[PDB]
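Q: Residue strings, one per chain:
2 protein chains.
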Amino acid sequence: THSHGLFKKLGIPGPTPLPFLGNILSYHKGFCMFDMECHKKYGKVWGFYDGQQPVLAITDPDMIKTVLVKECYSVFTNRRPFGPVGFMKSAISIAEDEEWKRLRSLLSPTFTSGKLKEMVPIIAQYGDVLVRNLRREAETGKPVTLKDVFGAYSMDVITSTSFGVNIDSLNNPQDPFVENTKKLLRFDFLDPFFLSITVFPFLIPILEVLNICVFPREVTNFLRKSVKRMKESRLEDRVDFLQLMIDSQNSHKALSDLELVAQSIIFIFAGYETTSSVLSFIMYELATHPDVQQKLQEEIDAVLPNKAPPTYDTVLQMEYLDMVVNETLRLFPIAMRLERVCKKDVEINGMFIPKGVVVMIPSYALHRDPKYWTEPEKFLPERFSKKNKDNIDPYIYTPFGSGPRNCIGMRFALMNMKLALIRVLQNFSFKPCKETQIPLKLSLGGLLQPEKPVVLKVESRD
Amino acid sequence: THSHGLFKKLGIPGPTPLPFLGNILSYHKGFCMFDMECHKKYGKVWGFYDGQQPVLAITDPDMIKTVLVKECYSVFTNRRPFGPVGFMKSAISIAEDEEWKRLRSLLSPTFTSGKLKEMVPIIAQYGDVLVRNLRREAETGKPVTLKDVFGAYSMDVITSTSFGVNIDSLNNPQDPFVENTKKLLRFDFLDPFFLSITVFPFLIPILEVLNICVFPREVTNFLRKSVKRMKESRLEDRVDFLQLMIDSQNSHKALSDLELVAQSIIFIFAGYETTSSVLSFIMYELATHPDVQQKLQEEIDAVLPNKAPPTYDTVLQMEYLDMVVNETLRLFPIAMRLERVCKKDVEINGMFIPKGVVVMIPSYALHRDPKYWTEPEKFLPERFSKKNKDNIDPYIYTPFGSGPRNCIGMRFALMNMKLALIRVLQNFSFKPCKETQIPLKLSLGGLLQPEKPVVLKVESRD
Ligand code: HEM
Ligand code: HEM
Ligand SMILES: CC(C)N[C@@H](CSC[C@H](Cc1c[nH]c2ccccc12)NC(=O)OC(C)(C)C)C(=O)NCc1cccnc1
Ligand SMILES: CC(C)N[C@@H](CSC[C@H](Cc1c[nH]c2ccccc12)NC(=O)OC(C)(C)C)C(=O)NCc1cccnc1
Numbered sequence: 001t002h003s004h005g006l007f008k009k010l011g012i013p014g015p016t017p018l019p020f021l022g023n024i025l026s027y028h029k030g031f032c033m034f035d036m037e038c039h040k041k042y043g044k045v046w047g048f049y050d051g052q053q054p055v056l057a058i059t060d061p062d063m064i065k066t067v068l069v070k071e072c073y074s075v076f077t078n079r080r081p082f083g084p085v086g087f088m089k090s091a092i093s094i095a096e097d098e099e100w101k102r103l104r105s106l107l108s109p110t111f112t113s114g115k116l117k118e119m120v121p122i123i124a125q126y127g128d129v130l131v132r133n134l135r136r137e138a139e140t141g142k143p144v145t146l147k148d149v150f151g152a153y154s155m156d157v158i159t160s161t162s163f164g165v166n167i168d169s170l171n172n173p174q175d176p177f178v179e180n181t182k183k184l185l186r187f188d189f190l191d192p193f194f195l196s197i198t199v200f201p202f203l204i205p206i207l208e209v210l211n212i213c214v215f216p217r218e219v220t221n222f223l224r225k226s227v228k229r230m231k232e233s234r235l236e237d238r239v240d241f242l243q244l245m246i247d248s249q250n251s252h253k254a255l256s257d258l259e260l261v262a263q264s265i266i267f268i269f270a271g272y273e274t275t276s277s278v279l280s281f282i283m284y285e286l287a288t289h290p291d292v293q294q295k296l297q298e299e300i301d302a303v304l305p306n307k308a309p310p311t312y313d314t315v316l317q318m319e320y321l322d323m324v325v326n327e328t329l330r331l332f333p334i335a336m337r338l339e340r341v342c343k344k345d346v347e348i349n350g351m352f353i354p355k356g357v358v359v360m361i362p363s364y365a366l367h368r369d370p371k372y373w374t375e376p377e378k379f380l381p382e383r384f385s386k387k388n389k390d391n392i393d394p395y396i397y398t399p400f401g402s403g404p405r406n407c408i409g410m411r412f413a414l415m416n417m418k419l420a421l422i423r424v425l426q427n428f429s430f431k432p433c434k435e436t437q438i439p440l441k442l443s444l445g446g447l448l449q450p451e452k453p454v455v456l457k458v459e460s461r462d
Numbered sequence: 463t464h465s466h467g468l469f470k471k472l473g474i475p476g477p478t479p480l481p482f483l484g485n486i487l488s489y490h491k492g493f494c495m496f497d498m499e500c501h502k503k504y505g506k507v508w509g510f511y512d513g514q515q516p517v518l519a520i521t522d523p524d525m526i527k528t529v530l531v532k533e534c535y536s537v538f539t540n541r542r543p544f545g546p547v548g549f550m551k552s553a554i555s556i557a558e559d560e561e562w563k564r565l566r567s568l569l570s571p572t573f574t575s576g577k578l579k580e581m582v583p584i585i586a587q588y589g590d591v592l593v594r595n596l597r598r599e600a601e602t603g604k605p606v607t608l609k610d611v612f613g614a615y616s617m618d619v620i621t622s623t624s625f626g627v628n629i630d631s632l633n634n635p636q637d638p639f640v641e642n643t644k645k646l647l648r649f650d651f652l653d654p655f656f657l658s659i660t661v662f663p664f665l666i667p668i669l670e671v672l673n674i675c676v677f678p679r680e681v682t683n684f685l686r687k688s689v690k691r692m693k694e695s696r697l698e699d700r701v702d703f704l705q706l707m708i709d710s711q712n713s714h715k716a717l718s719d720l721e722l723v724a725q726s727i728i729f730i731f732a733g734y735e736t737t738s739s740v741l742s743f744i745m746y747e748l749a750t751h752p753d754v755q756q757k758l759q760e761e762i763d764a765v766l767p768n769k770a771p772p773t774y775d776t777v778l779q780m781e782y783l784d785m786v787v788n789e790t791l792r793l794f795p796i797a798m799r800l801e802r803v804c805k806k807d808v809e810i811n812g813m814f815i816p817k818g819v820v821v822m823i824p825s826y827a828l829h830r831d832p833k834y835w836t837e838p839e840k841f842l843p844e845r846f847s848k849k850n851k852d853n854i855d856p857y858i859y860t861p862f863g864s865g866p867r868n869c870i871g872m873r874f875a876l877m878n879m880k881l882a883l884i885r886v887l888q889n890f891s892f893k894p895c896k897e898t899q900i901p902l903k904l905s906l907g908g909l910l911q912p913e914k915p916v917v918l919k920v921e922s923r924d
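First to last, the sequence lines map onto chains A and G.
Residue numbers for the first sequence follow the working numbering, so the first one is 1 and each next one is one higher.
Residue numbers for the second sequence follow the working numbering, so the first one is 463 and each next one is one higher.
Note that these hints are calculated values from the structure, not bench results.
It cannot be assumed that every hint is accurate.
[Stated by the list, open to error] Sample of chain G residues facing chain A (criterion: CB under 7 Å; computed from the structure):
#, residue
1, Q636
2, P654
3, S658
4, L672
5, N673
[As the list claims (entries may be wrong)] Result set (DSSO-like, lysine-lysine): computed pairs, CA atoms no more than 30 Å apart in a straight line:
#, chain 1, residue 1, chain 2, residue 2
6, G, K579, G, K563
7, A, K142, G, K687
8, G, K644, A, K225
[Stated by the list, open to error] Computed beta-carbon distance windows for the label pairs:
#, chain 1, residue 1, chain 2, residue 2, range
9, A, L10, G, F549, 42 to 50 Å
10, G, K532, A, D257, 57 to 65 Å
11, G, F649, A, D257, 27 to 35 Å
Here a beta-carbon is modelled for each residue, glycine too, at the ideal position from N, C-alpha and C.
Using the sequences and the hints given, assemble the complete structure.
A: Below, the structure is given as structure tokens:
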């Protein structure tokens with residue numbers, strides 16, 4: 001129908017599409033399973049149909065580089081639309097071409113190593129909070145649910161690093177400011193709503209004229225005014241994302257107020273469930289590989305004797321920790337794919353690409369390719385040792401993507417997660433319960449997350 | 463366009479419609495203002511257009527009777543659809559024709575005077591709760607917001623009379639069971655979403671296939687399982703609406719489980735903001751007419767000396783109280799209109815009515831008609847004295863509608879509100895603050911509710 005002959009014409013293999021649905025029935029096992037099977041069955045490039053929308057998959061690292069880096073500005077600048085977005089049209093990760101470029105320009109200085117070293121003390125205080133809450137659970141030998149305790153942690157670091165609000169969310173789960181922000185959850189792109197948006201993408205315009213949005217209209221409204229209060233209470237009466245944006249609107253064309261709110265929202269959205277999720281995947285591996293946990297506890301005490309508090313520089317000093325984080329990300333790259341919309345008829349690395357195709361890099365499946373990783377399913381942190389870390393193709397292992405449009409939040413995310421692990425492990429060990437799901441099964445959904453949530457035994461090194 | 467010549471053809475007056483919008487621009491001042499102006503300008507019958515949808519207004523009490531009573535089953539059985547409803551299609555107030563008739567049959571015995579006398583003791587306990595919360599506000603001379611304290615009250619009576627759950631919502635505003643139920647708020651039929659649904663009623667089918675609903679998909683999901691837990695904890699291990707429905711599914715065709723949940727939801731929806739709102743409108747009048755308040759306090763002590771607790775029968779004994787409630791409802795009939803969809807070409811009281819028209823009775827405007835009420839804007843409870851209560855046309859004063867499809871919840875609503883007022887006034891007097899809005903302005907919105915929320919001074923008769 002109307003475009004389902006495209007790949008068959010270019011000589012590109014793939015699963016044969018059904019009318020209207022294309023291949024979306026093949027998502028019944030999740031993006032991850034579909035992508036590995038496809039890589040296996042079909043080889044180095046393949047093609048499928050998200051309804052009428054042609055998606056070209058690629059796995060050659062040279063080709064990936066062209067797309068993510070070389071022709072990023074010229075050809076492959078934007079992501080694919082996904083549903084009605086309202087004013088969130090202005091958020092950097094949604095925006096396009098020159099508005100994107102301007103936004104990415106206007107926001108980059110907020111994510112430098114400099115500002116991040118200034119934020120480290122704030123992100124630290126809530127590690128202590130995390131500990132006392134964990135100790136409360138450990139002095140009462142009851143299995144712990146990480147996503148809850150790490151959620152409460154991530155939530156705290158966001159509320160602080162982005163607005164100055166200081167909440168113990170785990171113990172104030174019903175503060176107005178914690179309630180809204182806990183509704184900014186990762187979109188399930190295989191839930192009813194989003195699948196239909198894929199079979200009926202013409203519906204998106206209809207919703208937009210009805211001010212219906214995939215960002216709940218009330219959470220956005222709460223923050224828009226919460227910001228405009230903060231804005232006008234500091235102006236006038238250092239050191240969060242909001243103040244860094246306030247200072248910036250003092251490319252070009254400055255930052256509009258509505259533009260400012262939207263970024264603020266996308267930072268919470270980005271930083272809340274990801275931090276929570278990754279931190280849980282890591283504690284899962286640490287707990288099912290007690291040697292890796294011991295070796296990391298040993299490393300942490302070396303740098304920080306006497307449970308010394310971690311600093312920006314003592315954090316970047318810890319190599320095994322960096323290894324442990326990077327390998328967890330290999331097995332659970334929560335973005336799962338990267339995607340670029342081809343804006344022009346192009347030819348790259350010997351392959352014609354017609355305008356309008358979505359180019360997709362199947363991150364999860366490349367992270368578990370046996371042709372670039374030995375024993376890809378095993379959790380083996382040494383793959384990232386300063387010895388082996390050189391035989392790893394930065395276009396095969398892309399947990400934050402690559403190029404002008406990679407994750408702007410990368411250094412903060414990594415720092416935020418590491419500060420958590422250092423303080424937690426300084427004080428506790430983590431052990432399987434019987435109710436622990438070993439082996440952790442991944443969700444057949446549209447999200448990278450455990451089937452059953454991770455529950456563990458926490459014990460005090462006291 | 464496609465139907466805007468209808469009234470002009472039948473000789474029926476009304477405001478001239480614009481293409482596509484019909485007359486909806488005339489709602490800029492609210493349904494209430496539009497309806498009085500229309501009654502004034504145009505007389506005993508008029509016509510307008512909710513987009514393409516012809517609505518015929520009527521004010522002759524004989525004609526109203528035919529519509530609400532005589533030809534209710536034959537002709538005027540259903541209300542007008544309003545947006546996507548999901549499984550709430552099964553709720554009695556939404557359902558149609560034989561399913562309605564069956565539901566109204568299967569649910570009527572739950573609202574008898576018998577069951578209501580059995581519920582009175584439950585509804586009483588939360589009057590005491592209401593008092594201690596009020597006393598806490600009165601011992602701290604801070605103006606009170608009625609909708610909050612009455613909301614918390616109404617919320618408590620619902621949670622109890624419908625599931626057995628016993629919560630002090632005002633002090634547990636963050637119990638999971640109170641959180642969801644506080645989201646079941648009255649629909650604003652002049653908010654963006656519903657106006658568009660009126661200009662684009664073809665959009666309703668589109669939303670329905672997207673499982674988008676005007677009952678938030680999460681509140682419904684919470685209760686559906688909350689019920690199925692309650693259902694299977696009482697079955698097996700008297701005296702609420704849920705148990706009365708459980709007993710009924712033990713016309714005809716019994717009550718399906720999904721059918722049962724939906725009614726449960728519609729009862730909360732119905733009984734929460736209405737009780738809250740009416741109770742606030744009443745305290746407003748009592749507080750701005752201190753004689754009426756005194757006369758009612760005097761009456762209550764006569765029946766119930768020593769702050770005696772109210773009983774079902776001592777409640778029906780209080781005539782001035784019944785007067786005060788009924789007159790408040792005159793000035794603030796929160797339904798505002800009644801509506802019936804004409805299902806066949808008919809002729810009633812000398813007027814042809816073509817199939818598909820919505821027949822509408824402008825309750826608010828009839829309640830303030832100078833041709834049936836002297837000084838209609840004044841709050842004068844004596845209009846309802848056992849002397850004058852006979853010169854009041856039950857088809858002009860219809861705060862609960864009339865006929866086979868009037869409010870099934872009427873006796874409960876009235877009893878629930880009166881039990882509140884008796885206990886409250888036994889203990890407190892209510893006085894204007896400076897921040898009180900005198901005179902209360904009504905919302906220009908699609909709801910009957912105060913412009914500014916009612917704030918009063920509460921003082922202890924101790
Ligand atoms: C463990 C944590 C995180 C992971 C694994 C992650 C991963 C990713 C990935 C794969 C992308 C797409 C990059 C590409 O297209 O090549 C991305 C984009 C993005 N991330 Fe993250 N992310 C994380 C946390 C964060 C945080 C904390 C922020 C805070 C501001 C953030 C903000 C963004 C933004 C704004 C984009 C889009 C940038 C643009 O399109 O210009 N992310 N992230
Ligand atoms: C002060 C409180 C209330 C007022 C003023 C009120 C008013 C009304 C009005 C005007 C109608 C439409 C009747 C008609 O079309 O003629 C109605 C319908 C209805 N009410 Fe209420 N109501 C109140 C409280 C309640 C309560 C507590 C319940 C509890 C179950 C309830 C359940 C219903 C139902 C189910 C219908 C639709 C009945 C049907 O269509 O078969 N209402 N109400
Ligand atoms: C999908 C939500 C997160 N809307 C995005 C728009 S594009 C940023 C990217 C989304 C994405 C990556 N491959 C995809 C393949 C198909 C469809 C969408 C995507 N993000 C992403 O990794 O999200 C998680 C970890 C998958 C939840 C947005 O604006 N996200 C802010 C954000 C979120 C998370 C991390 N960093 C930034
Ligand atoms: C509109 C909401 C309440 N959906 C109803 C469907 S029809 C019951 C009726 C609605 C109604 C009366 N004139 C109208 C004129 C135009 C459009 C709709 C209506 N109710 C009604 O009085 O609602 C309040 C007090 C106006 C909020 C529903 O199912 N409502 C359950 C319910 C609510 C309140 C009282 N009793 C029952």
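Q: Does the closest beta carbon of chain A sit nearer than 7 Å to the beta carbon of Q636(G)?
A: Hint holds; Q636(G) Cβ to chain A Cβ min 4 Å, cut 7 Å.
Q: At a threshold of 7 Å, is the proposed contact between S658(G) and chain A supported by beta-carbon distances?
A: Since the shortest Cβ distance to chain A is 5 Å, the answer is holds.
Q: Just tell me: holds or violated, for the beta carbon distance of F649(G) and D257(A) against 27 to 35 Å?
A: holds (31 Å)
Q: Tell me if the interface restraint on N673(G) is satisfied: Cβ within less than 7 Å of some Cβ in chain A.
A: holds (5 Å)
Q: Are the Cα positions of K644(G) and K225(A) separated by 30 Å at most?
A: Within the cut-off at roughly 22 Å; holds.
Q: Does the closest beta carbon of chain A sit nearer than 7 Å to the beta carbon of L672(G)?
A: holds (5 Å)
Q: Assess, step by step, whether the Cα of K579(G) is no farther than 30 Å from the Cα of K563(G), and give holds or violated.
A: holds (25 Å)
Q: Min Cβ distance, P654(G) to chain A: is it shorter than 7 Å?
A: The hint holds - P654(G) has a Cβ within 7 Å of chain A, the shortest such distance being about 5 Å.
Q: Verify the CB-CB distance for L10(A) and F549(G) against the hinted window 42 to 50 Å.
A: At roughly 46 Å between Cβ atoms, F549(G) and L10(A) fall inside 42 to 50 Å, so the hint holds.
Q: Quick one: are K532(G) and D257(A) within 57 to 65 Å, going by C-beta?
A: holds (60 Å)
Q: With the threshold set at 30 Å, check whether the alpha-carbon distance from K142(A) to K687(G) stays at or below it.
A: holds (26 Å)
Checked against the numbered hints above, the structure breaks none of them.
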